[PDB]
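Novice: One-letter residues, chain by chain:
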Amino acid sequence: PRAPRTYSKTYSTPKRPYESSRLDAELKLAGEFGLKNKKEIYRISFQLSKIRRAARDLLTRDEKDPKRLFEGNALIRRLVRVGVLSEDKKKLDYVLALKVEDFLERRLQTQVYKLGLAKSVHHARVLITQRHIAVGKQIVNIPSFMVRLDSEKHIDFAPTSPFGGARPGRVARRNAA
Amino acid sequence: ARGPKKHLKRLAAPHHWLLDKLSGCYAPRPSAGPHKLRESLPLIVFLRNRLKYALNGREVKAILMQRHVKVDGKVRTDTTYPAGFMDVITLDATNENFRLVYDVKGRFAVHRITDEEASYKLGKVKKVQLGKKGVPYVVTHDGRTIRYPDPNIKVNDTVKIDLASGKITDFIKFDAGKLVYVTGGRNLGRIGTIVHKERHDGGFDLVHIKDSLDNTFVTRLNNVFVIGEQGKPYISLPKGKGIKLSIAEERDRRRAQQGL
Amino acid sequence: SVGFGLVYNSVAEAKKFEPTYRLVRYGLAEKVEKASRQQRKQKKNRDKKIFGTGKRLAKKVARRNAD
Amino acid sequence: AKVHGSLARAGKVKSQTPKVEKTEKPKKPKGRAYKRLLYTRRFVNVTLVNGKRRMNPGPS
Amino acid sequence: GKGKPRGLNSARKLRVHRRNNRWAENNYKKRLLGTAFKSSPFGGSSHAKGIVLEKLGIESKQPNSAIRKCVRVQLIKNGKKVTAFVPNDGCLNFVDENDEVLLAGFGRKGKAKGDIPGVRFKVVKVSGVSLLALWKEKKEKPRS
RNA sequence: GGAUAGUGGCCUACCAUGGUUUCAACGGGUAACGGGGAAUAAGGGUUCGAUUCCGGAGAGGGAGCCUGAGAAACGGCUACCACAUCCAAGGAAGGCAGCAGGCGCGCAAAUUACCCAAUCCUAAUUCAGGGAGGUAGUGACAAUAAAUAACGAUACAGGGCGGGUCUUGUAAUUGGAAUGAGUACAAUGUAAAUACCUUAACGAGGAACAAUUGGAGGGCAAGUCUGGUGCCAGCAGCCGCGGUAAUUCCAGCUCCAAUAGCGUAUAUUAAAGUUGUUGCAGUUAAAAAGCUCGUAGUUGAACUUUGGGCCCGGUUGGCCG
RNA sequence: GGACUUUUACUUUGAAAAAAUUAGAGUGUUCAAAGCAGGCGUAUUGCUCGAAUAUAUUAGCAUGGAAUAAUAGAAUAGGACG
RNA sequence: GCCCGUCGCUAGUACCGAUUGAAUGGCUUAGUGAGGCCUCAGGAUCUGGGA
Ligand SMILES: [Mg+2]
Ligand SMILES: [Mg+2]
Ligand SMILES: [Mg+2]
Ligand SMILES: [Mg+2]
Ligand SMILES: [Mg+2]
Ligand SMILES: [Mg+2]
Ligand SMILES: [Mg+2]
Ligand SMILES: [Mg+2]
Ligand SMILES: [Mg+2]
Ligand SMILES: [Mg+2]
Ligand SMILES: [Mg+2]
Ligand SMILES: [Mg+2]
Ligand SMILES: [Mg+2]
Ligand SMILES: [Mg+2]
Ligand SMILES: [Mg+2]
Ligand SMILES: [Mg+2]
Ligand SMILES: [Mg+2]
Ligand SMILES: [Mg+2]
Ligand SMILES: [Mg+2]
Ligand SMILES: [Mg+2]
Ligand SMILES: [Mg+2]
Ligand SMILES: [Mg+2]
Ligand SMILES: [Mg+2]
Ligand SMILES: [Mg+2]
Ligand SMILES: [Mg+2]
Ligand SMILES: [Mg+2]
Ligand SMILES: [Mg+2]
Ligand SMILES: [Mg+2]
Ligand SMILES: [Mg+2]
Ligand SMILES: [Mg+2]
Ligand SMILES: [Mg+2]
Ligand SMILES: [Mg+2]
Ligand SMILES: [Mg+2]
Ligand SMILES: [Mg+2]
Ligand SMILES: [Mg+2]
Ligand SMILES: [Mg+2]
Ligand SMILES: [Mg+2]
Ligand SMILES: [Mg+2]
Ligand SMILES: [Mg+2]
Numbered sequence: 002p003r004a005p006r007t008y009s010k011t012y013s014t015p016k017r018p019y020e021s022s023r024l025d026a027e028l029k030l031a032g033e034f035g036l037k038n039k040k041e042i043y044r045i046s047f048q049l050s051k052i053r054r055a056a057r058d059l060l061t062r063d064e065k066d067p068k069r070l071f072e073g074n075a076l077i078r079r080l081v082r083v084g085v086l087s088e089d090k091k092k093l094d095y096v097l098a099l100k101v102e103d104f105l106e107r108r109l110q111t112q113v114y115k116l117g118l119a120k121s122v123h124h125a126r127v128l129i130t131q132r133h134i135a136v137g138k139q140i141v142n143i144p145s146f147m148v149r150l151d152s153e154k155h156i157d158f159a160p161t162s163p164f165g166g167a168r169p170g171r172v173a174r175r176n177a178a
Numbered sequence: 002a003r004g005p006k007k008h009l010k011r012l013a014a015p016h017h018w019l020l021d022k023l024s025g026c027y028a029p030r031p032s033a034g035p036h037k038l039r040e041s042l043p044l045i046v047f048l049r050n051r052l053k054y055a056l057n058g059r060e061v062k063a064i065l066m067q068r069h070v071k072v073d074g075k076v077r078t079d080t081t082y083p084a085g086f087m088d089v090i091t092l093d094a095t096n097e098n099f100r101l102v103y104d105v106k107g108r109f110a111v112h113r114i115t116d117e118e119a120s121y122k123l124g125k126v127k128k129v130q131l132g133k134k135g136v137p138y139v140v141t142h143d144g145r146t147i148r149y150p151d152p153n154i155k156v157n158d159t160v161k162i163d164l165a166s167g168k169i170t171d172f173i174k175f176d177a178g179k180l181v182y183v184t185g186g187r188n189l190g191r192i193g194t195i196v197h198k199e200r201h202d203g204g205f206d207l208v209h210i211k212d213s214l215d216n217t218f219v220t221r222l223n224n225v226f227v228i229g230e231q232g233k234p235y236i237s238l239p240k241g242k243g244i245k246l247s248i249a250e251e252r253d254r255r256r257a258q259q260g261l
Numbered sequence: 069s070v071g072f073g074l075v076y077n078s079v080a081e082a083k084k085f086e087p088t089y090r091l092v093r094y095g096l097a098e099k100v101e102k103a104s105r106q107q108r109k110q111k112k113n114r115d116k117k118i119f120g121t122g123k124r125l126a127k128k129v130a131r132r133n134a135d
Numbered sequence: 002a003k004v005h006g007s008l009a010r011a012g013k014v015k016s017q018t019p020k021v022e023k024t025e026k027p028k029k030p031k032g033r034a035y036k037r038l039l040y041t042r043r044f045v046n047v048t049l050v051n052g053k054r055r056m057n058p059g060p061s
Numbered sequence: 002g003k004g005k006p007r008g009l010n011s012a013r014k015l016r017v018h019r020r021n022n023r024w025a026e027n028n029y030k031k032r033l034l035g036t037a038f039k040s041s042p043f044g045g046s047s048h049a050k051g052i053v054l055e056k057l058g059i060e061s062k063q064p065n066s067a068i069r070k071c072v073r074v075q076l077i078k079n080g081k082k083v084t085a086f087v088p089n090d091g092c093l094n095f096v097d098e099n100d101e102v103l104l105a106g107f108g109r110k111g112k113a114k115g116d117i118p119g120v121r122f123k124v125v126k127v128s129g130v131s132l133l134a135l136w137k138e139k140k141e142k143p144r145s
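Protein chains in written order, with the UniProt record's numbering: chain U, 2 to 178; chain B, 2 to 261; chain W, 69 to 135; chain G, 2 to 61; chain S, 2 to 145.
Hints should not be assumed to be uniformly reliable.
Said to hold, decoys possible - Derived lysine-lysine pairs resembling BS3-like cross-links, with alpha carbons at most 30 angstroms apart: (1) G:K29 x U:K40; (2) B:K53 x W:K84; (3) S:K82 x G:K13; (4) U:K37 x G:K31; (5) G:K15 x S:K126; (6) U:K120 x G:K13; (7) G:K13 x S:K56; (8) G:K26 x U:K39; (9) G:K29 x U:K115; (10) U:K40 x G:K31; (11) S:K137 x G:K23; (12) G:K15 x S:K114; (13) B:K22 x U:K51; (14) B:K71 x W:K83; (15) B:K62 x W:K117; (16) S:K82 x S:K110; (17) G:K13 x U:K10; (18) S:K62 x G:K15; (19) G:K3 x S:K112; (20) G:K15 x S:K50; (21) U:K10 x B:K22; (22) B:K37 x B:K161; (23) G:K3 x S:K82; (24) B:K6 x W:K116; (25) U:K68 x B:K242; (26) G:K53 x U:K29.
What the hints contain is simulated information worked out from the structure, not anything from laboratory work.
Start from the sequences and build out the full structure, keeping to the hints where you can.
Specialist: Structure, rendered in structure tokens:
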């Protein structure tokens, strides 16, 4: 009777499970952008392989086939609108080539670091969670925002966060009492 | 299976009613009436979903029981009444009137119309034959029988309906070059006015249509609804007059209205 | 905090078109209660097993004080 | 072949290992904090290059 | 052409010839004949709980020489009798014959595993509790 | 002709001898309801669909029927079979493959709770009714997001270019910061509650708010560390380990993998070009009938208006804009 | 309207075409799985975009093509046009 | 060196086998036949030929 609540998975999994070449490599990415799960990496490989064998499929169509452009130009719009594809690259032969790290450097937990304002890449992840920084009045506690380079302009802290103008905060207030 | 089904699950509901899946389990099963079940729309969705006058279903019943609503003239208090294409819904409060007319996306659109226009009607005649005592009658897409029409009305033609009373006065004909309205398939919504009609004795005569953008298409004759003369209709078409904007056409103009 | 509300062209129109669980939220209609739904269902069934008044079977149950 | 060999020695050596107790350690960090330390531990001060490097050298 | 008919109209021959020749695949006949249910004392199920009749100790196959501690079990859904290994150091002391035990395959598609000659099942739980959770003294065996 | 709502061997009477089949009839099997669909990602495929939607069938097993617009209805009746309850022994009553709950079966699956507020449905009908349906509880089925920490100062030390002033940081005293897990005025939420969202008051330093699960000879990532055992006990999907210095067992230590999850069993798909149409193999590894005929099936040489001419206007892109 | 038409296979395009599923556009659910919303002012009594597209493919229908592969035609002329 | 078969031990599997062996389901002859339905009667009554 119920209508079926749709779901899906967000992470693939390496077939060879112990390729230490790719396993060190995986961790360098992990301990760089501040990730907890190697499946935060496996996750963002997944969409990439989707974008690719979405995109790779379009360059088979006869050049400028009706739908190849509609969702072609729909695709490259989506990725510059988050700023992973750079503005030179909006004719979609180069979207096949989005090496993974581009996606990670466009996180929230990442740019909150590259804007200064994160002493470490992990001071980032720790304050995002804790009622700290926002974009509008809209607090965000998801270190995987994928900020869209438009709203990257306003990433100052929140008004209720006692690091960007607030009341003292919970344990300060009786360190002083 | 032991007689009449009287329930309608969701996702059995007609898509063009645009109900969200999770609001329960069921759509409102339209009642029996003028319009085919799958080819109609009930009052409770009109007053609740597309037009958002009422919040819940319980309210829609409260609304109708005050004789507020009229369709084609009459009080018509059936919460699930099968109101269909080309009906008129006068609304006593607000002095609003709506003719029921498709988009070119094929759904039922909200379309306010004049008080003058709110008192005539058309119908694709679906049958014509003699009857009791030999008085001929026409019957049309909407479920009414007009006794004593002219011998010149054959079948497949539209008819003006006074609907303060019964009779017809004018009857547009089905010939090469009359304004048509596709009322099925999903060329549903597109418009205009002939190319020609392939006979195909045995069934399923094919109707060729040329929209007023020099774009052809074909649909079956059962689903072509002549509505008059080139560019000269006999009712008020809705916005964009059904000329099947492309996906890129539609989103090029989608971003044409770009600056606030 | 976004929401949704309505104002009425009178307060008799409010009290008559409004769901009555709201006039309880306000103090504008009284809370007065009913027995839990399952209890009265049973009374129905208990009542289905009687044909008529129910007055005139009291007659003959007090009439086996002899028998 | 034979299927009715003895059963006295069931659990013979687990019974008789001198069962040294566990020894208390500091509390290790978790998914980000921990895999951070490996990024450092693996990649910021190389263990050794005397030949090539070992991730668990006991006596070397 | 060395073999198979290539004409555009030989589809039936191609289909029946595969249909027929697929019978040489052992996974394919095992699934079609149905040996899972007819043979294979588990009901084709993932596990089956039984009752232990005797505690045996089985001479290991060569070139090994041990005594593998196992139990003869009578599958309670089937009446079938099956010998099954009790793995870990000890874990014979937990089984307490006439006890109720839960049995699993060996991850060898039947085809008994190791040096233990002809046993294709292992205990997972005696007295319905979590055998390893008794080896590691997480839990206690119930009263009976 | 009869019967049907009506067609019809549906049934009857008469007459005839037809109907299907290797292009697989007929029979058997099915751990078989069909489908929309699900799983598996080069493709071609392979496997699965009791199960939210559509269709069908059934209400313990049959058959029969009343009512009716509609039923061969079972929360209708009647009979038989099986099951089975109450009794004053005369008799009477029961049909959960509805909701919940119980026994049984098993590897295997939750409350005898709340409401018509929503979604819809039915009635004589805005009102009544609705275990349809929705609410909570139970709930590592699956699915998403992602806490268990974050910045210092210092101190021996490295290394930048004697430690100086740039931190690599390894530090076993420190340090003021931050916060929800929890708790809880309150409002919100709700039919009434509950959670969540929001938010006073509380609420973190190792005694914690203390992450697991497997594994560390090979495949396969991580030690020929230490103690134990001595072909014993045990490990080991496979190759193989243990018979007294065990890289493999039982442990302590250290280490790796995944991580609110991870192991095991069973099935299944990929890998599998080991089912091969794409795409296999058949001298000797598995596999050309001893031989020829030969029906079905599959297959089957070539040659029939080609070539030339006039026109129309379409769609890219060029030089121009 | 009349008269009369050798039979096919193949390929094109198109109609007929349920939703949910899938592929996929739009939309910043705080993110995401989702959902089909939402977005704007004069936030004093309204303004407004939506709810795409794709997908069926075996069979049937409709239509364009005449290569490829079949069937049939005048030989006891019982042929063809009148 | 390798290696074959009878013979003997332990264990497991499946086969053959007196028991005109057993069991579970699906049909089904013959025999008996419930019930409701259709129908020939019936006529407690209850009425204007009907019930
Ligand atoms: Mg209705
Ligand atoms: Mg009630
Ligand atoms: Mg009553
Ligand atoms: Mg063979
Ligand atoms: Mg034995
Ligand atoms: Mg059984
Ligand atoms: Mg006949
Ligand atoms: Mg015969
Ligand atoms: Mg065959
Ligand atoms: Mg079945
Ligand atoms: Mg496929
Ligand atoms: Mg396969
Ligand atoms: Mg199904
Ligand atoms: Mg199936
Ligand atoms: Mg079943
Ligand atoms: Mg029945
Ligand atoms: Mg029942
Ligand atoms: Mg029923
Ligand atoms: Mg008595
Ligand atoms: Mg139940
Ligand atoms: Mg379970
Ligand atoms: Mg319920
Ligand atoms: Mg329920
Ligand atoms: Mg914890
Ligand atoms: Mg602490
Ligand atoms: Mg461990
Ligand atoms: Mg290694
Ligand atoms: Mg070996
Ligand atoms: Mg060890
Ligand atoms: Mg795994
Ligand atoms: Mg091919
Ligand atoms: Mg081969
Ligand atoms: Mg040989
Ligand atoms: Mg030969
Ligand atoms: Mg032969
Ligand atoms: Mg040829
Ligand atoms: Mg098409
Ligand atoms: Mg006998
Ligand atoms: Mg009769």
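Novice: Taking the earlier hints as the rules, which of them does this structure contradict?
Specialist: Of the numbered hints given earlier, those the structure breaks are 6, 15, 17, listed in rising order.
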